[PDB]
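Visitor: Next come the chains, spelled out residue by residue.
Number of protein chains: 2
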Amino acid sequence: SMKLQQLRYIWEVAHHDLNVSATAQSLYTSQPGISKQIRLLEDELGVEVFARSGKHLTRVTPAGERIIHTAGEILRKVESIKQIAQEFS
Amino acid sequence: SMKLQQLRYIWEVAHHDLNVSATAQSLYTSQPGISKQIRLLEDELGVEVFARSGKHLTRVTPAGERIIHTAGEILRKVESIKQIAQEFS
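Same order as they appear, the protein sequences are chains A and B.
For the first sequence, the positions run 1498 to 1586 when our numbering is used.
For the second sequence, the positions run 1498 to 1586 when our numbering is used.
Any given hint might turn out to be false.
Said to hold, decoys possible - Distance ranges between label pairs, derived from CB positions:
1) B:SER1550 to A:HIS1513: 43 to 53 Å
2) A:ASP1514 to B:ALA1548: 42 to 52 Å
3) B:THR1526 to A:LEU1537: 17 to 27 Å
4) B:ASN1516 to A:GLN1583: 28 to 38 Å
5) A:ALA1519 to B:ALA1519: 41 to 51 Å
6) B:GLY1543 to A:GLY1530: 23 to 33 Å
To be verified - Which bits of chain A does chain B cover? Going by a derived footprint, with three or more residues having C-beta under 8 Å, they are:
7) 1506 to 1516
8) 1537 to 1547
9) 1560 to 1569
10) 1575 to 1584
As the list claims (entries may be wrong) - With a straight-line cut-off of 30 Å between C-alpha atoms, the simulated DSSO-like cross-links for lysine-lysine are:
11) B:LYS1552 to B:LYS1533
12) B:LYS1574 to A:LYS1579
13) A:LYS1500 to A:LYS1574
14) A:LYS1579 to B:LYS1533
15) A:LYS1574 to B:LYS1574
16) B:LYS1574 to A:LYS1500
17) B:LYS1500 to B:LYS1579
18) A:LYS1500 to B:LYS1500
19) B:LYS1579 to B:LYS1552
20) B:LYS1533 to A:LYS1552
21) B:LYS1533 to A:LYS1574
22) A:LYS1579 to A:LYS1552
23) B:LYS1533 to B:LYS1579
24) A:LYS1533 to B:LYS1552
25) B:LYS1552 to A:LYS1552
26) A:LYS1533 to B:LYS1533
27) A:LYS1533 to A:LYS1574
28) A:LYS1533 to B:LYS1579
Hints listed in this document are in silico derivations from the structure and should not be mistaken for laboratory results.
We treat Cβ as the ideally placed atom computed from N, Cα and C, and that holds for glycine.
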């Protein structure tokens, strides 16, 4: 089963121009940590979200553009649950 | 942080007419496991998804109707990701 954390990671990596180092510092976590969770996700899905050239991301794949876009929808809907909660709070 | 599992649980509990026992057997898990994950979710959200009367769920709350609906959209969108993966495999 895919996890929300891996969805947040590919969204953030995509919004830091594929710079995994810059993303790690954005999320206050280690850079190897983010790379692990993404490859678990890609192994779990069986598709590459990010094309690589060595230990380095080069571009978002066709499949990844669709998957990341939908991850943003999931992350925004998770946020709306917390806003629904707080309005009734 | 909220988890996909807890979103799957409140949705499944809601589609087994609030019967946690039938839901546990559906998901091949324990009934205490589902209850535990639901109360964690509700503590994080600070709202009750299910109105209670003793060790018993009576109805879905105004807020819970919205949260469960949005949890369903999320669970559907998680499925769209794996359908995107399968296509591109």
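Visitor: Which numbered hints are broken by the structure, listed smallest first?
Guide: 7, 19, 20, 22, 24 and 25
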